[PDB]
Every structure is written in C-alpha cells, then in structure tokens.
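Colleague: The residues making up each chain are set out below.
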Amino acid sequence: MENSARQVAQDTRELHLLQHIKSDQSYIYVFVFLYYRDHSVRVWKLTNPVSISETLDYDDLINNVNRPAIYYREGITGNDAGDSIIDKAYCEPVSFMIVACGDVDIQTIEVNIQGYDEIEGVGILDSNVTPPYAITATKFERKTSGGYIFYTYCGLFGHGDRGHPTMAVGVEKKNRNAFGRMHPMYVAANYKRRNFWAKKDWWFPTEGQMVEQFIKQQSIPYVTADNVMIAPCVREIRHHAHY
Amino acid sequence: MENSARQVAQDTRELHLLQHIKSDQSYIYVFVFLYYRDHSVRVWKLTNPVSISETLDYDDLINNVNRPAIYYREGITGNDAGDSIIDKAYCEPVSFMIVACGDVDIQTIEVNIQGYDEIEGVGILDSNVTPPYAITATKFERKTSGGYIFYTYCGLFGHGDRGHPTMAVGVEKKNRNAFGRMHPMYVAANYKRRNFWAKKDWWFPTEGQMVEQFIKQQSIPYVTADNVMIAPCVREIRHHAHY
Amino acid sequence: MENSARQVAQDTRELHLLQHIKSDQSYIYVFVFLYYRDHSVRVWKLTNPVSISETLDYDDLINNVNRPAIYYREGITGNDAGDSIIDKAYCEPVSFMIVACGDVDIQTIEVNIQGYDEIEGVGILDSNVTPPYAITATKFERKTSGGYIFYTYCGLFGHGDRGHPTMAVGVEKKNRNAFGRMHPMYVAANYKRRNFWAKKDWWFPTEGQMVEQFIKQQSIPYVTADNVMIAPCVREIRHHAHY
Ligand SMILES: Nc1nc2c(ncn2[C@@H]2O[C@H](COP(=O)(O)OP(=O)(O)OP(=O)(O)O)[C@@H](O)[C@H]2O)c(=O)[nH]1
Ligand SMILES: Nc1nc2c(ncn2[C@@H]2O[C@H](COP(=O)(O)OP(=O)(O)OP(=O)(O)O)[C@@H](O)[C@H]2O)c(=O)[nH]1
Ligand SMILES: Nc1nc2c(ncn2[C@@H]2O[C@H](COP(=O)(O)OP(=O)(O)OP(=O)(O)O)[C@@H](O)[C@H]2O)c(=O)[nH]1
Ligand SMILES: [Mg+2]
Ligand SMILES: [Mg+2]
Ligand SMILES: [Mg+2]
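Just so you know, the protein sequences line up as chains A, B and C, in that order. Residues -14 to 228 (my numbering) are what the first sequence spells out, left to right. Residues -14 to 228 (my numbering) are what the second sequence spells out, left to right. Residues -14 to 228 (my numbering) are what the third sequence spells out, left to right.
Incorrect hints may appear among the rest.
Note that the list lumps identical chains together, so a pair holds whenever it fits in one copy or between two copies.
Listed below are the simulated EDC-like cross-link pairs for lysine to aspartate or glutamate, each with C-alpha atoms no more than 16 angstroms apart in a straight line [claimed, not checked]:
hint, residue 1, residue 2
1, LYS201, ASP111
2, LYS201, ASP68
3, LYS128, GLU192
4, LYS201, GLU126
5, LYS124, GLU105
6, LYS124, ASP90
7, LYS7, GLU221
8, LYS7, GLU197
9, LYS128, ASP186
Hints in this document: simulated from the structure, not taken from any laboratory.
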C-alpha cells in the first residue's frame, strides 16, 4: 500500500508543498499581529512574490473596531502640544508579533518601529535609515514544522514614544543561487508585481477565535500567547540521506 | 487645399497622436469599471509611464456612494464566522470591465481576482503567484479605432467568494526593441516614477452619464453595455505602403 | 581648549552631521506644506533612502481638520456635471511650499500639479508624462544654512482647475559617483525599501505654532511666510582650503 500510485500522488502533493516554498511560484509573507488590552487582535498581511516593503502608520496599528482626534494627535506630534484630557489612547496596541513565512531570507528582514512622527533620532537630517533596533534578524526565533520553517519576533510597545507606533517592515525572498530576482533580465517582471499585494488587514475578537477562524483556515504559521505552535506540518520526503 | 501648410499642421497633430502612444512620453492605463445593481459605476484609473501594479481591495471595489461593519466583515474573513443578518451586501459589484489602453503590452497583463482575504488556493503556503485565471491576456478583446488599439475584458463577480472581491492588476508598456525600460541606465528614472500616479477613483450615477461627462470628456477608450465603442479615432497617415 | 578631546568629540559630531547627508545612511525628504484660508497648515513628509515617488490625491491636499460629497465631487470630475450649491470648497488649499532636503539631487525633482482627475492635457492618450511645468528644478530657490543645503518652491493653487489639486512628486538622492543606487548589485536592497516610508501627514493651527512644535523640534529646514529661514546650521569644518 505504501507504493500504491495513489500514495505516490499524495507524496507528489507533499513534495510539491515543500518545493513550492523555494519556487518562484510562491509568495513570501510577513504577518503583523497587534494585541490590544480588550484581548482583540488586528492582523496585517504583507506579501509579495520577491520583496516586501510596507509602512504601517499609526492608524493601521491602533484598534479600529473597538475605537476631535486632532486634540490628541497634536500631543503625539509635538512635545507638550496636545489639547486632550486623555494621556494615552486605549486603542494603542499593547504588544506585537511578527511572523515571517514562506521563503523569506530572514537575514534581510527589517522591523523599524518609530513613534508617531516616523522620524528616527534627534532630527530629520540626522535620522539613520537603519537604526540598530531595526536589524532584527537575529532576534527572531526560528520555528520548524516538519520541513516548513518560519520566524517569529514579539515584543511590547510600551507607554513611551513607541506606544504611539509607526512601523516600516521589509524582507526579501531567499535566493540560494546567483541570478538575482531584480537582475536586468528579471527586474521588469517583478517590478510589475511590486503591489501584488497591497497590505491587507483583519480584526478578531480574541486570539483563540482568530486561530480557529483564520490561522487554521488559511494555514498561516503562528504561535499563541501560551507558546503553542499552530502551523501546517509537511514531513520531509527524500530518497537519500541529506547532509 | 489638401497640401496647405495648415492641413500639414493638422497632419502633424494626428501623426503626433499615434506616435505618442509608442513614445516614452505617454502613459499606459488600465481602467477598472465596476457596475452595481443600482446602475451606478465606480471607476479606477491605474496609470504609470512604464509599469502598472495595483491592488484594488474590497473597500475599493464596493459602491462607496450608495453605501457595525465587522459583523459582516468577519463572515467574509472566515467560514461561518459572521454575526450579520445580511448574507450579501447590496453594494458589492455585479460585473466589471477592464480597459487596457495606451501602449500596453497586453501579453504582460494580469488580472487576479480573489475573495476578501486575497489568499489564492487552500492555504498561504500553497498560494500561487499566478493562478491560471490571472493569465487573462488572451481573453481580452482587441478593439481598434483608426490607428488606436485598446483591449477590453469583462465579466461577472457572482454570488460566491469573488462576490466579495479583491483584485491585483499589473501590466507593462510594450517595448518593441531591446533596451529595457528597467535596464540599469534607465531604472532609476522609472523607479522615481513608480507612484506616478497612485490609483484614482470616481463614481457616476449611470453608464450613459459617465460616457458624456467622463469617457468622452477625457477621450478614454470604452465599450458600453450594448457593445458600442466610445473612443477617439485617429485615422492612419503614411506616405508608403505598410506590410 | 580648542584642541581638547572633548571639543574634538564635538567636531566629530558636526563632521558626522554634514557627511551623513551624503552617506547612504541618511534619508532624502520632500515636505509639502499646504496653507489654508483659516491660516492652518497640513504637512506631508515624503521620504526614502534613495528615491521618493508619491501621489498626493485631492483628499490628501484639502484641509481634513477644519473640514453628500459626491454632489460637489461630480462637478470637479466632469464639466458642468455637479449638483452642488457650493462652487469652490473652503478647504481647498490656497498655496503650497515644497521643501526638498537631505541629499536630494534637485535636478531630478518633478512637481506635477493637476486638477481633480489627474489627467494632463486634452485626453488620456495625449497626456504627457512630463509637462513643462513639472520640470521645476530650476525654479527652486537654493537655501544654505552653514554646510546644509536645501531647496524651496512655493506657489498658489488658484481658483481654476488646480484649485482642486492632485500632485505627483518624485526626486532621487544625489549620486556624485558612478555606482548607481539601482545598479544590479544594489537594486534589491533599495527595492526592499521602496515604502520606507509611506507618505505621512500632520496638521497645525498656524504656521508659527507649527514652527515651534514641529519645524524646530524635528530640525526640518523651512522658510516662513515672511521669508525667515528656520533651519539647523552646522558650520563647515575642514583642515585645508576648498576649491
Ligand atoms: N502599564 C501601565 N503603565 C502606566 C499606567 N499609567 C501610568 N503608567 C506609567 O507610564 C509609564 C510610561 O513610561 P515608561 O516607564 O517608559 O513605560 P514602558 O514603556 O512600559 O517602560 P520601558 O520598558 O522602560 O520602555 C509607564 O512606565 C507606567 O509606569 C497604566 O495604567 N498602565
Ligand atoms: N443572482 C442572485 N442569486 C441569488 C440571490 N439570492 C440567492 N442567490 C443564490 O446564491 C447563489 C450563490 O452561489 P453560486 O451558484 O456560485 O452563484 P454564481 O456566482 O452567480 O454562479 P457561478 O457562475 O457558478 O459562479 C447564486 O447562484 C444564487 O442562486 C439573488 O437575489 N440574486
Ligand atoms: N480670490 C478669489 N477669487 C474669487 C472669489 N470669488 C470668485 N473669484 C474668481 O474666480 C476666479 C477663478 O478663475 P481665475 O481667473 O483663473 O483665478 P486664479 O486661478 O486666481 O487666476 P490665475 O492666476 O490667472 O490662474 C478668480 O480669478 C476670481 O476672480 C473669491 O472669493 N476669492
Ligand atoms: Mg517604553
Ligand atoms: Mg460564482
Ligand atoms: Mg489659476
């Protein structure tokens, strides 16, 4: 029964699943999960065939389901410039998790969290494009699920400037060989796909409900707050030893 | 009178119009028309000097003139996860037409319509960047108006997953020769123009009113519901036979 | 005291500030200031490590703090197609200033202001990608503040088509040598940063308040309405004569 052609069709499907990761036919993904004090989750999907580059602005990072604005916004724009009796908005996120999956090269990831104005450092002419805390690759945890590999990074936004967050996120698809996905003979085909797809969001009342209704349904790699991995698992198939 | 310099000035204008298509000085365009049950039309202009790449998200595809939301949105996010007494929103589009015009290379077009979550296939790790139905080039109809050529593709969204649509659209400007518009000596000049222009929309109470007030006024190639071509026409001018 | 190591640490900081402009580690910026009849200012930050490309649509250019819409919008979409008793919205901007700063190559800037439909010229097939008024480089004023250089361009929107404005803005970082920032060995690293950062806006009740709470606080080069330069100043340091 193990060598039945029907089983080999199943083997084909599973070899396809693992090889599809490395193939040019798959997308890379970064999912940004935002956890609020009401226990709800806002989720952003960032995705591209070869290159993810996105800003999540303040309005993308606050809870837009359990929600004049300028009175508060002016106070997070300039020091002591507010006219609000509310010091910190309830709907600012408590914590985040970044899940990088598909064929990401984690060594190329950047997660650059700033305050409301997006300006690193003391003034715009002194801002660095890559502050040290944006070089997050080595702080991701490498998770495995069978032959699948994904990466997680989680943290707290806090009660300071980054409690009114903006975030720039970018990552490249891993290229294990030398022909660049932006080499002149390829560039125009990938440039045509620079916005496949624009950032997309959803909201869920709790993490447990999101796991059942979205994480499992879309087979998105994930780790819950209690540190349980929720991910599809494709066991490795190979006819010969691997180094 | 036919060889009067004034007539030759007119000839210059019309030769200019046809040659401007192929020139680097013109834009390419994809117009996405969305037709609603109330007979109104929402229109997106997608445009670039050399490379169009855009996502139209759900909120871009529903009727935003003849209009809590999460009760419904949750039900199109996950299976059986809704809390809405409304099964299908009235403002979801009935049908679409894609008009590709200017110097598009129709062979490079992709029109990838997904459901609300934008995720092709059974799970994110198995999604294909190019599902077969996105390779729409050969399904466009080639329309001519004098020396102008444009392409149309129309269809129905339906009452299933794509009745809650998202769409990725991309196309390149035709290059009849070998120097790429993203070749190293050109790339930075076109990259600077990657967002010339961001997607732009309008709305019109009926197709007939849109034809008079917008299609004709902007000289946009178009085909009405009764299959009438509305397009400028520049008759070909040449001093010698053409193969 | 002038050669104390503490003073040399200060010299290092100031040499760093000037050299950081030319370094790949800094961003380029275009700030778009929009001045309304109520004396308030809406401000857009456009920024990238190497290449700025942005559209500011109509809704980005009107005053969104001191604020059915289609009755008016239809009248700026098509000629005589409106159904509004209001001929011109109060919240359309009176004037603009463009500040280009950081290591911009001003020779690569374009500021292309159109009316509401974004369509240059008489029809879409005749639109030019670069109308003459978009080639604004030589109309910028070159301002200096010590070793810092920045560029300003200001003007009026008016009471015609451009009184309902849209704008495309793009500029490249100056490259004083031959290795392109989009050369094949660099392109993928900068493409990953194409949306670092998406356009970001703020609003301020008056120019004077914005100067104290934002221009000074972020050390953004600026010129007030009375023609006063507000900018950080780093005096030049060099051990030898300069041509
Ligand atoms: N968690 C919390 N902090 C509050 C509350 N009310 C006031 N605060 C204070 O506001 C402070 C904001 O400044 P920080 O000390 O930087 O707080 P933080 O970002 O959590 O701390 P760091 O880890 O040092 O960055 C917090 O430390 C709290 O002490 C509250 O209701 N909850
Ligand atoms: N057109 C229409 N369909 C309705 C209505 N109410 C319920 N439905 C049903 O809802 C169904 C949704 O599933 P499908 O069978 O996939 O409909 P569809 O997308 O138009 O059909 P396909 O062409 O096969 O994709 C439709 O087929 C209708 O039978 C209605 O008011 N109008
Ligand atoms: N400034 C101003 N103009 C008004 C007002 N009411 C009507 N208008 C007129 O509306 C006209 C709009 O057309 P234009 O002549 O092109 O005005 P403009 O854009 O300022 O002038 P140009 O510099 O020639 O482009 C203005 O010239 C005014 O004469 C008003 O309250 N204020
Ligand atoms: Mg903190
Ligand atoms: Mg259907
Ligand atoms: Mg005018």
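Colleague: Taking the hints in turn, state whether each one holds.
Modeller: Hints and how they fare:
1. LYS201 - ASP111: between (44 angstroms within a copy, 14 angstroms between copies)
2. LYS201 - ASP68: Neither way: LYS201 and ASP68 sit 44 angstroms apart in one copy and 20 angstroms across, limit 16 angstroms.
3. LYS128 - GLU192: neither (19 angstroms within a copy, 51 angstroms between copies)
4. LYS201 - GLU126: For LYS201 and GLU126, the Cα distance exceeds 16 angstroms both inside one copy (21 angstroms) and across copies (41 angstroms).
5. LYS124 - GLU105: neither (20 angstroms within a copy, 31 angstroms between copies)
6. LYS124 - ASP90: within (14 angstroms within a copy, 37 angstroms between copies)
7. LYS7 - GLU221: within (14 angstroms within a copy, 49 angstroms between copies)
8. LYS7 - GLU197: Close neither inside one copy (28 angstroms) nor across copies (51 angstroms); limit 16 angstroms.
9. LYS128 - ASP186: neither (24 angstroms within a copy, 38 angstroms between copies)
Checked against the numbered hints given earlier, this structure breaks hints 2, 3, 4, 5, 8 and 9; the rest are met.
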